[PDB]
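This document opens with one chain alone, in structure tokens, the form deposited without adenosine-5'-diphosphate (ADP).
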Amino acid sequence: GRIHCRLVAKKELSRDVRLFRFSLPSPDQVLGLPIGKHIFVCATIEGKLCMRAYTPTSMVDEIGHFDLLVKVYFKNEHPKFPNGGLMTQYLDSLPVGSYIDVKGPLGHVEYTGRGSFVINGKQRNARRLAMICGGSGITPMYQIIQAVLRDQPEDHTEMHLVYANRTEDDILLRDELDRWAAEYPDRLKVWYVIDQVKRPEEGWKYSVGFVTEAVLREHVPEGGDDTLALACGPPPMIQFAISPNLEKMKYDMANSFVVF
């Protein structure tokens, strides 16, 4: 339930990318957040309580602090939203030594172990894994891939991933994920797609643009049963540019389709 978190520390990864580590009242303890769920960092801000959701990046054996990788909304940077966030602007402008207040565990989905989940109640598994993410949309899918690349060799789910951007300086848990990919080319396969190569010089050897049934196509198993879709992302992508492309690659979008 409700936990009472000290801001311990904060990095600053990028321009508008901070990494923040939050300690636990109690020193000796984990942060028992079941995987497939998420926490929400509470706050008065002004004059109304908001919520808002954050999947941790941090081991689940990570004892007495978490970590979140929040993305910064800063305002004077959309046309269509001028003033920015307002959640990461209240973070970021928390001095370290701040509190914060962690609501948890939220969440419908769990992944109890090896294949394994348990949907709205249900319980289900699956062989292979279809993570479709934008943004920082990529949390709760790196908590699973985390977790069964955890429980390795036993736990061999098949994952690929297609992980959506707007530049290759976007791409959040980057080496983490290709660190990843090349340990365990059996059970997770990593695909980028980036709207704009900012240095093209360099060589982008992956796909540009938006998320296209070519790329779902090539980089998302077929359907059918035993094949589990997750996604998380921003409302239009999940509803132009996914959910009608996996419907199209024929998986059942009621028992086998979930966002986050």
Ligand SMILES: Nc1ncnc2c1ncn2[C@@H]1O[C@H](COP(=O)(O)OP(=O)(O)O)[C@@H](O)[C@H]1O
Given for the second form:
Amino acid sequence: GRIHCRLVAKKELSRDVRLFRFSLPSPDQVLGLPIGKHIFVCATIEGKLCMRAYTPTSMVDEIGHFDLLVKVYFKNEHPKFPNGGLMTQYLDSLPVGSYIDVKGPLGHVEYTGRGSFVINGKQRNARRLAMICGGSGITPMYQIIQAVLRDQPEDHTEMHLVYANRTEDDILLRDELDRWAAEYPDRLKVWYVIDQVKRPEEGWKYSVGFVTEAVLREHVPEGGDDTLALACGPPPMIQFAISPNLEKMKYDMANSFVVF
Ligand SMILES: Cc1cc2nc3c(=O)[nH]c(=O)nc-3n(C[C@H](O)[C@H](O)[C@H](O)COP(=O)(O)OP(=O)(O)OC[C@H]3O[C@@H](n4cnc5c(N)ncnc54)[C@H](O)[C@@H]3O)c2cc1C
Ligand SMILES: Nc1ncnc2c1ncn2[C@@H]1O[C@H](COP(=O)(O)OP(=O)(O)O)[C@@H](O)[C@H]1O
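Could you give the coordinates for the form deposited with adenosine-5'-diphosphate (ADP) bound, as opposed to the form deposited without adenosine-5'-diphosphate (ADP) above?
Expanding to the full complex; the earlier chain stays at the top.
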């Protein structure tokens, strides 16, 4: 089922990331999206109506609006993908006032409370949570990462994050993560891995490069019992950069591996 939203405001955080501020058909409500799930921002472009999943980054109780952190895929920017992304340039193309119409809640992972998951049906639980995402696949994580902190401190779920990118200025939710990182070290381990390093004149200490066994070993809870791994990054990243290694750390690669 649909809901009629309206881009009430928008912000250009940088040369290609925008913070879109939508408003709900009714001021007295919240998006009410269940932690672990997502919403589809529908639109008909060219002739085809195309669904795209997006996980808002607003505090689950914001009344009257929801924010979307979007990284715009421009055409004339990449050799392999010369024509940009389909739903992003259309969104960067909407003037504040336009209506959009979402439809949730989709997905299959839901953080039902404390360690207690339910994947593809099965209720579950875990204390050590392994998180791995790159670029935009962090929002699916952030919602969770934000939910445990808001359950402080009876939610003892230990979360271990590895957040991949291409450059330092491309680390998305960073101030927020480096803020929490300090507040709740007893439960959130943050580690940045980056492809390049714009200016080391400054001094980048985190890893440089791709995500790999060493990185995983020295950063992600030993694949044991009551230890679940969640991941959200480009297909390749998962395929051969995250999938095999988590086996190499003895995780039950069959029921402990969920992917948004
Ligand atoms: C759970 C979940 C949460 C998500 N949340 C967010 C979110 O909060 N914010 C957000 O910004 N995204 C999020 N996404 C991403 C979303 O599904 C999209 O595929 C993406 O936003 C935009 O793709 P597009 O629609 O613009 O079109 P498409 O062009 O279909 O984009 C996908 C393909 O084209 C490539 N591509 C095209 N142009 C480029 C380019 N210039 N540079 C690099 N690659 C390019 C993509 O990398 C990939 O191969 C989420 C996805 C999931 C599943
Ligand atoms: N072959 C791969 N192996 C390992 N990780 C990958 C691979 N391909 C992409 N990734 C990682 O995930 C990130 C890509 O995120 P994505 O959503 O494509 O947008 P962008 O390409 O702008 O970063 C890269 O920074 C890279 O670290």
